[PDB]
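Taking the hints into account, I'd like the entire structure generated from these sequences.
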Amino acid sequence: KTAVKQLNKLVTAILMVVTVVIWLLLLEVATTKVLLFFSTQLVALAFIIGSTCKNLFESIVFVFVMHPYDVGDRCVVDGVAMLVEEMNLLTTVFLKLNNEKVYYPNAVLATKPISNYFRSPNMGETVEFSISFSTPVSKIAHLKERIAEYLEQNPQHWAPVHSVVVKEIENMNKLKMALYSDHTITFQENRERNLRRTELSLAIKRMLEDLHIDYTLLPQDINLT
Amino acid sequence: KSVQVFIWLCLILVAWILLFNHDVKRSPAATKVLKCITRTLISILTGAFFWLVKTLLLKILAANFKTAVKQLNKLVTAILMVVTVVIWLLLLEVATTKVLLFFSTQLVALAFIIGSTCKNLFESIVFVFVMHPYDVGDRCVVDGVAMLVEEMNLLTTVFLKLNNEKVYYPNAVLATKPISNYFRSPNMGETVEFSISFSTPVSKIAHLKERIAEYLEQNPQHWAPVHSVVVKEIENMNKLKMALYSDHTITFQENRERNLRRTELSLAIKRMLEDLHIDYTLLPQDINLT
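In the order they appear, the protein sequences are chains R and H. Residue numbers for the first sequence follow the UniProt record's numbering, so the first one is 507 and each next one is one higher. Residue numbering for the second sequence is 248 to 312, 507 to 731, as defined by the UniProt record's numbering.
There's no promise every hint is true.
Calculated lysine to any residue pairs in the SDA-like style (CA-CA distance at most 25 Å, straight line) [as the list claims (entries may be wrong)]:
(1) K602/H to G578/H
(2) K539/R to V535/H
(3) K618/R to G585/R
(4) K306/H to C559/R
(5) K645/H to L708/H
(6) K602/R to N700/H
(7) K282/H to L531/R
(8) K539/R to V526/H
(9) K507/H to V300/H
Just so you know, these hints were derived from the structure itself, not from any lab.
This is the structure we're talking about:
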């Protein structure tokens, strides 16, 4: 609404200038040299002011045509999570997760990709863990079964669909694991996201501890002298 | 004052025109003098008009918003002077046709060079007055460095680093970059980092959370009741990485208070983790001797 009011004021100013100048042209009181002088003054003016009108017009197009976000939603720019409160023609104002207030230019944002959390569907989160190369396959199967059971027992926070994937083996000693699961929310609900992720991490820890799964460094042999 | 000056100038011009309109110069030479007088009256009326509109613009800009205002006033007064004198000369029309075209092409060549810098100058004006991201005395961040502000000039702004180092930025460069303002921001949040071993029981974690909540409740002066303790990824199934999120009753504008309160919170967390019998250890190593 603030952007709409500012645009209305700007276009009213443009209307005023154009109507007055064409009224003066209808009057036709200026001399021939005077009219040409005003025309060349307009030419010189155009360069300087249109140079900034480039940024101004592309910012209008970005705000109204693209319309990537609205006031109150959470967005990501260059990997940082922020919130939005204000919408001005030349600038937008955001809050970082620490409530730090920032003032962006709108032309710069037009060149950059932007993610919107409020407009996104339910999401997925990944928790990382590693286990030793000596782990038997049966233990891995039991871990998968327990993870599926736990995710089934908590339909409030997690979707039934999930996946446990294996990643490359390091020195044939370390297995790198990752669990993929989907919230019932987006990242707009930041505190709930973090709390639920913490609970899931604690559950995975309890699992890997009560299933007798251990990780160890590589053995070292030594020659004494 | 400006309105009265404009009214008086218009009245004088009208009186001169009416006197010279009812009676016209008889001698051919007198006609030139009358034309010059009429041109002078028109030029004076114009100049007063430009001065009045310039004053109105300056006052509305000031109301919307001091050194920058004075510098802008001087610049616009210079522009007013040049425009009024040139259109007075045009009214005189003493230059020859080739001379007028020569001056026009000189203006064309001039425009490129000077307007090239006027690009930066005008975008800096727009940045300072339209965007208006910060005021004198507040603390801002540019490229992750915390600095203070004292000065506001049309082409440049001056800042102090946390070590009091004085810097002189261009305003055009800042227009392209994002800027954070601490004085304009609400109460903030700070995070203290710590790690604990994978063997820690859940009951110990619950006790730690309870103690942290209690401590933050006992200190409403510095901290908000709302807080959160989050867990981060597990390293080699040996290290748990933790972080505590809490909100000050201040912003980062109060730097020394911020740092002192953070130090006190860190000391409290240390005392906690020490008196709760929580220990961290490296992974065990097995060795074969020969």
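Structure-based check of each hint:
no., hint, verdict
1, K602/H to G578/H, "holds, 13 Å"
2, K539/R to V535/H, "holds, 13 Å"
3, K618/R to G585/R, "holds, 12 Å"
4, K306/H to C559/R, "holds, 24 Å"
5, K645/H to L708/H, "holds, 19 Å"
6, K602/R to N700/H, "holds, 20 Å"
7, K282/H to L531/R, "holds, 24 Å"
8, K539/R to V526/H, "holds, 15 Å"
9, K507/H to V300/H, "holds, 20 Å"
Hint violations for this structure: none, all hints satisfied.
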